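Here's the letter readout for the chains.
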Amino acid sequence: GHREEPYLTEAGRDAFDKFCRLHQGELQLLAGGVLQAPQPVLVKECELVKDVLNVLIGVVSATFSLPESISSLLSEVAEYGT
Amino acid sequence: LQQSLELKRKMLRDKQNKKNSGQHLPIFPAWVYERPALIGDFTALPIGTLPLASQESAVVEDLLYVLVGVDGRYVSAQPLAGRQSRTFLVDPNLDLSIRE
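One line per chain: the protein sequences are A and B, in this order. Taking UniProt numbering, I'd label the letters of the first sequence as residues 305 to 370, 390 to 405. Taking UniProt numbering, I'd label the letters of the second sequence as residues 150 to 191, 201 to 258.
Take the hints with a grain of salt, since some may be wrong.
Stated by the list, open to error - Not close to chain A: a few residues of chain B, all C-beta gaps over 12 angstroms, as computed: (1) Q236; (2) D253; (3) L254.
What the hints assert, rightly or not - Label pairs and their in silico Cβ distance ranges: (4) B:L238 to A:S369: 33 to 39 angstroms; (5) B:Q152 to A:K348: 54 to 60 angstroms; (6) B:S243 to A:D318: 55 to 61 angstroms.
It is worth saying that the hints were derived from the structure and are not from the lab. Backbone N, C-alpha and C define an ideal beta-carbon position, used for all residues, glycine too.
Throw the hints in and build the complete structure from the sequences for me.
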C-alpha cells in the first residue's frame, strides 16, 4: 500500500497553505511586482483573536489605531472595537 | 499636609484668651513627628522573561500587596508618602494583554 492518492478537498492543512502560496505566486507574477503580499501566518488564529480582544477591552492594539482573506472577516469585528 | 500644622496652633490660641478658666492646654509631643505615630502606610525580577503560568500567579499576588499603598514585589508603589496622590509602576515588559 502507499495510499489512494488524496483529492483536492481531502488534501489540506499543508496543501491549503501550499495552495495559498501558489495562488500568491500567481498573483505576483500576473501583477509584475506592484503588490507585495506579507506573511499569511504570523499572525495565526489565536494571536489575532487576542489582538482583536484587546480592542474590546477598550485600548487599541497592533493592527488598530485611534490566510489572505482574513482581512475580510477581520474588518467586520475590528470596526466594533474601534 | 503642611498647611494643617499652622491652623491647629492658632485655633488653640483663640480659646486660651477667651476662657480665663482654661488650664494647662497641651503641646503636641515632638516624638509623634520624629517617630511614626501618624502615618503607617509609608527579589525584584523582570516579569516579562518569566513563563506564563508563573506570570499570572505572580502578578496577582504582587498587585494585592501593592493596593495598600506600599511596594509589593514586581509592582512598586512610587514614593510620595503624602497627599491625595499615589501612582504605582508595574514592570514595563509585562505582556500587553495582561498589563492593560
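Hint by hint, here is what the structure shows:
no. : hint                                 : result
1   : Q236                                 : 22 angstroms, holds
2   : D253                                 : 10 angstroms, violated
3   : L254                                 : 7 angstroms, violated
4   : B:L238 to A:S369: 33 to 39 angstroms : 35 angstroms, holds
5   : B:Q152 to A:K348: 54 to 60 angstroms : 59 angstroms, holds
6   : B:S243 to A:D318: 55 to 61 angstroms : 58 angstroms, holds
Of the hints listed earlier, those the structure fails to meet are numbers 2, 3, in rising order.
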